[PDB]
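Below, in structure tokens: the form solved without the partner chain, a single chain.
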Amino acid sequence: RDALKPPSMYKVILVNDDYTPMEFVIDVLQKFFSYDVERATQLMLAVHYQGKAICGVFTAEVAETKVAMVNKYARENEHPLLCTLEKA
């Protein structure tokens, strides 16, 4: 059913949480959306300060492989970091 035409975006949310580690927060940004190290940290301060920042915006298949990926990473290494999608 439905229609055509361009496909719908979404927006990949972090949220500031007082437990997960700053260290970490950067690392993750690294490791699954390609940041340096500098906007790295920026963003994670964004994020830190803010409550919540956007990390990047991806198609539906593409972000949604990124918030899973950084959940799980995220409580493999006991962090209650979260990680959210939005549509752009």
Given for the second form:
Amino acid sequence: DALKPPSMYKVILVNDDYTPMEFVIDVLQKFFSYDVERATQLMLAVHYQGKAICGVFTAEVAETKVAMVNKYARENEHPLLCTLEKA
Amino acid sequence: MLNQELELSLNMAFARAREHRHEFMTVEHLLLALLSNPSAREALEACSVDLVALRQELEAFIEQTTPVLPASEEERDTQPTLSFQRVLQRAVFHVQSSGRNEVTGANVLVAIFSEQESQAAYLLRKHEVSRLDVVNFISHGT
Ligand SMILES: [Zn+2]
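Hand over the structure of the form solved in complex with the partner chain; the form solved without the partner chain is what we had up.
Time for the whole complex; same chain goes first.
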């Protein structure tokens, strides 16, 4: 037999044409604890690269952060999409 | 109904997590708390698990991987992970699906095995405990 630890996951913010830059920064500060400056740099990366990694967490934590972000986007009526993928 | 000892375990796990300012109460906090829940503890001893080593592996993983809320942030507090919620719901489901109602720490332990990407399930299998090991113990004793 062979057994490995579950893997770590990248949590990603995807770009869209409707979500205001201000909300993206809000999400980065509120859910990932970035200061305004780093938050702003990540927001631009999402804008130019089309996506950006907000953090790397265990599978369990990553899944929860993703659901929290998507619920907050939904409540504020923005199609901001948060996703995860194996680190 | 979650029995009294299980409920004591859950509320203290949650209080401990809040005191450490953790953003999340995880399935690992849950397993760590079950180490001293009579029902789950008995099952684990019956599987010859080194509870000292498991406790340590759980505590290390928890403090190293659980984000801490900023001393600043007082508008949001400790939340259970989705995985944690599924485990409690699965434990209730397993018990009800057998026609019973009392949920013990051992039923919660059984449900942890279904969170395959959890560190908790990993650690349990690392200590050679299978879901069926716990179910046999619950059904047939040592
Ligand atoms: Zn802690």
